[PDB]
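A.B. asks: Given these sequences and hints, build the entire structure.
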Amino acid sequence: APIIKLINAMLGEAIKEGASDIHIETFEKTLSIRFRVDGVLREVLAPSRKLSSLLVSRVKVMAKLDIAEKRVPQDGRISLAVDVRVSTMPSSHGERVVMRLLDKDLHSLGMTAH
Amino acid sequence: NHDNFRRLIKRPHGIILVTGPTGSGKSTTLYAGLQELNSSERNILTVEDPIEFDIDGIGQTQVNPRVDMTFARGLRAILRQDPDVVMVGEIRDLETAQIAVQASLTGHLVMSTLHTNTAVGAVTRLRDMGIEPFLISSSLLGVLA
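Quick mapping for you: the protein sequence lines, in order, are chains A and B.
Its first residue numbered 1, the first sequence is counted upward by one per residue in the numbering used here.
Its first residue numbered 1001, the second sequence is counted upward by one per residue in the numbering used here.
Don't take every hint at face value.
[Said to hold, decoys possible] Partner residues aside, some chain A positions facing chain B, computed with beta carbon under 7 angstroms: (1) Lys16; (2) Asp21; (3) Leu41; (4) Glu43; (5) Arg96; (6) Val98.
Quick caveat, the hints were computed from the structure, so don't treat them as lab data.
Here a beta-carbon is modelled for each residue, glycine too, at the ideal position from N, C-alpha and C.
C.D. replies: Next comes the structure, spelled out in structure tokens:
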């Protein structure tokens, strides 16, 4: 389906930019996608509001979670070498999805000489 | 008072409580605080019983007794969404306060309310439920009677 490619391309774009978390959040009027690239949140894409249910449904079935259940929080896992941990949660305008992307010299990093 | 509250709700972590009796406009003050923080650079989520109204740009979960979704379970679920700021409707019991105190220590800014008559009454109330006297000093940023 078209929605299957969109989530896969989004995950590829998340790894491209070096994103840790991917925030799919549905509001009354707007559907918003945001990557927390190394801690800093970022507006990446705001698609049609109608897709909200389909994006939540696709990410659920990838992580082997319940599709019809939209009243309780559900945590799952996916293996793409990128190990993600999805975490859905109920809200006012449907569910809110977040999936944490995790990959399976000390002076150069930042530390001073002392 | 606004500038002092601004700086407090814009801290990276800690608990900020709004206290007073029933019909004292606590929610209205919290809602105004969240709307001020409502930016694209932060992830704000709330647990409410019930949701007073909808802030566009902020996630808002409701306490549902049909699926046993409580304040404690709702707050425990919100913390797994990678939030920057959290707003709990109110911390009525110890279990909900324990999670809020852990949340504040673990890099989250927490916001809530308590039905106490004074600003000292809030610090009081946390000591009553069973929060170790220390844990209040480390986490608590301030109280708004």
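A.B. asks: For each hint, tell me whether it holds in the structure or not.
C.D. replies: Each hint tested on the structure:
1. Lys16: 20 angstroms, violated
2. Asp21: 5 angstroms, holds
3. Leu41: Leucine 41/A check passes; min Cβ-Cβ to chain B is 5 angstroms, inside 7 angstroms.
4. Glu43: 5 angstroms, holds
5. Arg96: Since chain B brings a Cβ to about 5 angstroms from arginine 96/A, closer than 7 angstroms, the hint holds.
6. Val98: 5 angstroms, holds
Violated hints amount to a single one, hint 1; each of the other numbered hints is respected by the structure.
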